[PDB]
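Participant: Below are the chains, spelled out letter by letter.
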Amino acid sequence: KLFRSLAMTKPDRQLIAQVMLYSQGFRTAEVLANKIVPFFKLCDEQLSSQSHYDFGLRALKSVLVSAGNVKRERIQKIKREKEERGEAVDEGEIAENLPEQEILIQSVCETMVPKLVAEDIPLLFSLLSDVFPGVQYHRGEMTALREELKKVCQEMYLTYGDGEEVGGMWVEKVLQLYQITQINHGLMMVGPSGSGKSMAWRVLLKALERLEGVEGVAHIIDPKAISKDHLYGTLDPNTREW
Amino acid sequence: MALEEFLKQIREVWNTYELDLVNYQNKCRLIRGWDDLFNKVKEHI
Amino acid sequence: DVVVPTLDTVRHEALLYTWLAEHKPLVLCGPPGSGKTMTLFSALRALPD
Amino acid sequence: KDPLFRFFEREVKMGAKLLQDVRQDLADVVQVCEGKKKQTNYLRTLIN
Amino acid sequence: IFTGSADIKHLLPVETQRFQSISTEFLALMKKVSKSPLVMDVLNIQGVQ
Amino acid sequence: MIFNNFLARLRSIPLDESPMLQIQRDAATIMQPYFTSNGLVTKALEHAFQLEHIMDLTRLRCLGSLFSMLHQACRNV
Amino acid sequence: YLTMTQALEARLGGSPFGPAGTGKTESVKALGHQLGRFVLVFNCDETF
Ligand SMILES: Nc1ncnc2c1ncn2[C@@H]1O[C@H](COP(=O)(O)OP(=O)(O)OP(=O)(O)O)[C@@H](O)[C@H]1O
Ligand SMILES: Nc1ncnc2c1ncn2[C@@H]1O[C@H](COP(=O)(O)OP(=O)(O)O)[C@@H](O)[C@H]1O
Ligand SMILES: Nc1ncnc2c1ncn2[C@@H]1O[C@H](COP(=O)(O)OP(=O)(O)O)[C@@H](O)[C@H]1O
Ligand SMILES: [Mg+2]
Ligand SMILES: [Mg+2]
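Residue numbers (the UniProt record's numbering), protein chains in the order written: chain A, 2034 to 2275; chain B, 1457 to 1501; chain C, 2566 to 2614; chain D, 4406 to 4453; chain E, 1550 to 1598; chain F, 2373 to 2389, 2410 to 2469; chain G, 1889 to 1936.
Just so you know, the hints here were simulated from the structure itself, not pulled from any lab data.
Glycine included, every Cβ here is placed at the ideal spot set by N, Cα and C.
Among the hints, a few may not be true.
Stated by the list, open to error - Cβ pair distances, simulated, as ranges:
#1 G:1922 - A:2199: 40 to 50 Å
#2 A:2148 - G:1922: 26 to 36 Å
#3 G:1922 - A:2245: 34 to 44 Å
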């Protein structure tokens, strides 16, 4: 009785997407939102049910923020490429001649693909083709990261791979984990026992160590091997000391 | 000039000295020549 | 202490030795009284260290 | 590319998995009932 | 006195086991000395004294 | 992948801490044709999943046991 | 905003509820920042 309760059950995802795409500078914000919100609904109601799937408002917010960020990066790459190739840089045509739909699809594939099961990837790409016709996703090939992964795997007796070779899938998973670490500060590697998760993140950490020159320190904590009081802390009932 | 030559002779004796090991019933490789090693240590000290 | 040698006994002795020699953890599974701890201790008498 | 086939494929997957699970559980139940097999913890809970 | 006499195993099993452990340690030390017969190499063995 | 990792570790890391590593390389060379896709070990492991076991069967449990006792075979040699 | 302002005027608290991900904490923080207030977020558990 001391609080006034309000039921906040269905956020207006379409208006949120439209306004947040309009603010970031997307000229086609209306159609992009009307194509991306039903896309998330289609993913929710068409992909296989898994305990690690979320297609809610947080996922949509992450997709929109990442789409904006990669749009700024694409503007910057167009700037430098035009500068090194000639002198014709102007904001008008570059903003006009910008694949915004490709940017949105790139953000979606960077955020949603790594969490899908093997069988749902064709499902997601079919949904992308249905809702976003003609737009294709061509993931970047981080070269120096790949040779650094090669060196790290060779040093620690691990089997590197590429494409369809033995080791290609695990390297692809490492690259997706790297992308998600760049995008998100909260990571979960979900998969059956002994699927290569530990080696994947160790190899990624050592590759980033040897590439960027900053040293990576990993703290491995078993949250259930100790009580929650030992995991987070105790407040003394007597002395009120932490 | 004399003192350093004492140092170099001790250096070469102790970097070329080897323990005298021989076989013992095909079970191990035991050491003999305790007296010579001990006398060398006393004289060097 | 005494253990009567048997086919299963010697086979499990060999397996336990070839598993504990390299300090690999293991679990003996079976009904109570089957001889799991007897088999383990009889494999430990061959490893005095 | 057909969404209807996608939904139907999910439905048949879930139905087949549940049907196999239920039939296997019932077979274990009837085998326990004739004394052919011993009753396990999961079987104990299912019978209870 | 331990290996040559086989009756001491019956009378002193734990003594024989302890001496066997000491004998393995001493034989490891002997092998380490034999592979490097130099006096200083023996002296620089970690925790030799 | 796991077979390649085990073979590389056998050919690289000595078990004592060299004759031992030479024995390791020879044993790995002898075991190479069996540690392949659709090899004896792969087919046996596939068939092992069809049997009933006292506990749930995990591929890495059997693989680790096999690798451990292969190391012990190297120690025996 | 309407419900929380009505609660505040009556000197009552605000208790937005619903499934996770609907923007309840964010809405509370946005309302507090709209009035220029210092909004503190506490993750409550059994130790509080
Ligand atoms: N890319 C790889 N190539 C070869 N061997 C690998 C590779 N990745 C992992 N392994 C090996 O296979 C096993 C997998 O262990 P790993 O720690 O990677 O699994 P995991 O999925 O993190 O395990 P869990 O979740 O059960 O702790 C280990 O023995 C590891 O050395
Ligand atoms: N091969 C055997 N030789 C002698 N005794 C045996 C043999 N196999 C089983 N036993 C007897 O069976 C018993 C096994 O019990 P125990 O090993 O304590 O069970 P658990 O391993 O489940 O604790 C021992 O008391 C032992 O005397
Ligand atoms: N009206 C809105 N406009 C833009 N983003 C929103 C809106 N409502 C919620 N969000 C986004 O949803 C995400 C999760 O909301 P949050 O308040 O954490 O949900 P919960 O009520 O479960 O805590 C936030 O990151 C926020 O940015
Ligand atoms: Mg792991
Ligand atoms: Mg919240």
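Participant: Holds or violated: the 26 to 36 Å window for the beta-carbon distance between residue 2148 (chain A) and residue 1922 (chain G)?
Facilitator: Once the Cβ atoms are compared, 35 Å apart, the range 26 to 36 Å for residue 1922 (chain G) and residue 2148 (chain A) holds.
Participant: Given the hint of 40 to 50 Å, check if residue 1922 (chain G) and residue 2199 (chain A) actually sit that far apart at their C-beta atoms.
Facilitator: The hinted range 40 to 50 Å is violated for residue 1922 (chain G) and residue 2199 (chain A), with Cβ atoms some 57 Å apart.
Participant: Can you tell me whether the CB distance of residue 1922 (chain G) to residue 2245 (chain A) sits inside 34 to 44 Å?
Facilitator: Between residue 1922 (chain G) and residue 2245 (chain A), where Cβ atoms are some 40 Å apart, the hint holds.
When the structure is compared with the earlier hints, a violation turns up for hint 1 alone.
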